[PDB]
Amino acid sequence: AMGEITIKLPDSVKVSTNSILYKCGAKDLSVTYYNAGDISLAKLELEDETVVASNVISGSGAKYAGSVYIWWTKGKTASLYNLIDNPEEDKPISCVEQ
Amino acid sequence: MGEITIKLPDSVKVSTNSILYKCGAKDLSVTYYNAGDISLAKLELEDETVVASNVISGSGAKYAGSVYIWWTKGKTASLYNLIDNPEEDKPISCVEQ
Numbered sequence: 024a025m026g027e028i029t030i031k032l033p034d035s036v037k038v039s040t041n042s043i044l045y046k047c048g049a050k051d052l053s054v055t056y057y058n059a060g061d062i063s064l065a066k067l068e069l070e071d072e073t074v075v076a077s078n079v080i081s082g083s084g085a086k087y088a089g090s091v092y093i094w095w096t097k098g099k100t101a102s103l104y105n106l107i108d109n110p111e112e113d114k115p116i117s118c119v120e121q
Numbered sequence: 025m026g027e028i029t030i031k032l033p034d035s036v037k038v039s040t041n042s043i044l045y046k047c048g049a050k051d052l053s054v055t056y057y058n059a060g061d062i063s064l065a066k067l068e069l070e071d072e073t074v075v076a077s078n079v080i081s082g083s084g085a086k087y088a089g090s091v092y093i094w095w096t097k098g099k100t101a102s103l104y105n106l107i108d109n110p111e112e113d114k115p116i117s118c119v120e121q
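First to last, the sequence lines map onto chains A and B. Residue numbering for the first sequence follows PDB author numbering, beginning at 24 and increasing consecutively. Residue numbering for the second sequence follows PDB author numbering, beginning at 25 and increasing consecutively.
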């Protein structure tokens, strides 16, 4: 019906948006990060669906949860976990920031 | 800037609805944003605003964002604080108004 999710915050909050290309083995993954204060969201443009995950607490790196996925970055690397196919969360897909 | 805008394919209908909860004596407004399988929840808590995303669960609708888990079932909800209560055993209970 409409091309957009709009989330309105206090007008004083600066919002940044940046798209980053990742390479997962031979495959490209486009991820967009939306940052507003402590709020951080990642739009993952996956093969069959688009997921919007939220940054959640972790010991290290920046971890995001959305739908059946965990997306977890550290440095120039990232791991994509699929909790349906791999509920053990031990066999993730590795990606490198371009 | 005041607003997060996330672009999606043009035929995706995005619905936005806010729901008032009461957690004991305290008010809590949650706005839900749904678009396809994407479900986000802005929680305007007492001292902070967070955005959680719907994540897989066995029952009800579970959302995770920041240090919180927000889990609705029917007319009720629980708010988990993984800092104050990492054990995840003392959630705050809320009812939809």
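I should point out that these hints are in silico values taken from the structure, not numbers from a laboratory. Hints may be right or wrong, so weigh each one.
Straight-line distance between alpha carbons at most 30 Å, and here's what the computed BS3-like set of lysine-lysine pairs gives [unchecked claim]:
(1) A:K99 <-> B:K99
(2) B:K31 <-> A:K37
(3) B:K50 <-> A:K37
(4) B:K50 <-> B:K31
(5) A:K99 <-> B:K114
(6) A:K114 <-> B:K50
(7) B:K114 <-> B:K37
(8) A:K37 <-> B:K99
(9) B:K97 <-> B:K50
(10) B:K99 <-> A:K114
(11) B:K114 <-> B:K99
(12) B:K37 <-> A:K86
(13) B:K46 <-> A:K99
So, going through the hints one by one against the coordinates:
| no. | hint | result |
| --- | --- | --- |
| 1 | A:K99 <-> B:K99 | violated, 43 Å |
| 2 | B:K31 <-> A:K37 | holds, 18 Å |
| 3 | B:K50 <-> A:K37 | holds, 28 Å |
| 4 | B:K50 <-> B:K31 | violated, 34 Å |
| 5 | A:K99 <-> B:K114 | violated, 37 Å |
| 6 | A:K114 <-> B:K50 | violated, 42 Å |
| 7 | B:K114 <-> B:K37 | violated, 37 Å |
| 8 | A:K37 <-> B:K99 | violated, 34 Å |
| 9 | B:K97 <-> B:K50 | holds, 19 Å |
| 10 | B:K99 <-> A:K114 | violated, 37 Å |
| 11 | B:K114 <-> B:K99 | holds, 19 Å |
| 12 | B:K37 <-> A:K86 | holds, 28 Å |
| 13 | B:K46 <-> A:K99 | violated, 43 Å |
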